[PDB]
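Before any questions on how it binds or moves, here is one chain, the form deposited in one PDB entry, in C-alpha cells.
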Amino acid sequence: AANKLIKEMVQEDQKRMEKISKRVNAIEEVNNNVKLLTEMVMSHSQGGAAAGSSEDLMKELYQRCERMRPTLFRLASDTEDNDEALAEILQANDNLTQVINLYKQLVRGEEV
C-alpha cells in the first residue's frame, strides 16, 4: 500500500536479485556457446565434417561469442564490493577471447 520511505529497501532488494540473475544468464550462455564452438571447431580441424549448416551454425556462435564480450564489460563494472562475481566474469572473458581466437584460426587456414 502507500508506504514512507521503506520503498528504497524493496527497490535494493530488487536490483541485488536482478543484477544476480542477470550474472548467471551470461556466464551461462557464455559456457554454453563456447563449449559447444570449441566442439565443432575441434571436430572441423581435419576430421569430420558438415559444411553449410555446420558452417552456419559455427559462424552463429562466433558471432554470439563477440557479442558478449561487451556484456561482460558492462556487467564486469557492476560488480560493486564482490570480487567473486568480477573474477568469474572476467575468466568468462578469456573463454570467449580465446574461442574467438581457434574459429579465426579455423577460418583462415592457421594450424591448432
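Take the two forms, superpose them, and find the largest set of C-alpha atoms that agree within 1.5 Å; that set is the rigid core. Positions refer to the first chain, counted from 1. What changes on going to the form deposited in another entry:
- The only C-alpha among 11, 91, 98, 21 that moves by 2 Å or more between the two forms, given a superposition on the rigid core, is that of 11.
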The other form holds:
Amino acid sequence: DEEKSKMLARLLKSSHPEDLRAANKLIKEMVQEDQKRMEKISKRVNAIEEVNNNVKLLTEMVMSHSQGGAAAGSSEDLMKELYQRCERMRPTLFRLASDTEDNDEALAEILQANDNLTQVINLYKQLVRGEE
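For comparison with the form deposited in one PDB entry, provide the form deposited in another entry.
Lone chain follows.
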C-alpha cells in the first residue's frame, strides 16, 4: 500500500506531538497486519511446496513401475505411504481455498495445486493400484 507508506513518512517527519502519537498507533497496527499476513502466506506456500514435491515424487515412482521397475514391496510401499499423504492433503487445500478470500492470485495457485494433487491421486489409483 503506497498510500499509508507515505502518510506515515510525513507523520514521522512531523514535528507535532500528535502526529507522532498517530504514527505510533499506525505502526503498532501495520506491524500486526504484517504478522497475520506472513503467517497466512507461509501456511499456504509451505503447503503448496509439499504438494508439488509429493506430486512429483510419487508421480516419478508410479511411472518407474509402468512395465519394469519399483522394487515390488520396498518401493511398492513408499508409494502407498506417499499416496495416502496426498489424500490426507485434499482437506488442507480445500480449507486453504476457503480461507484465501483476499487474493485470487494465491487462490489460483491453491487450485492449480489441488488439480495436480488429484491428478496424481488418479494415477496411483489408475495404472498401478488399479491394474495388477
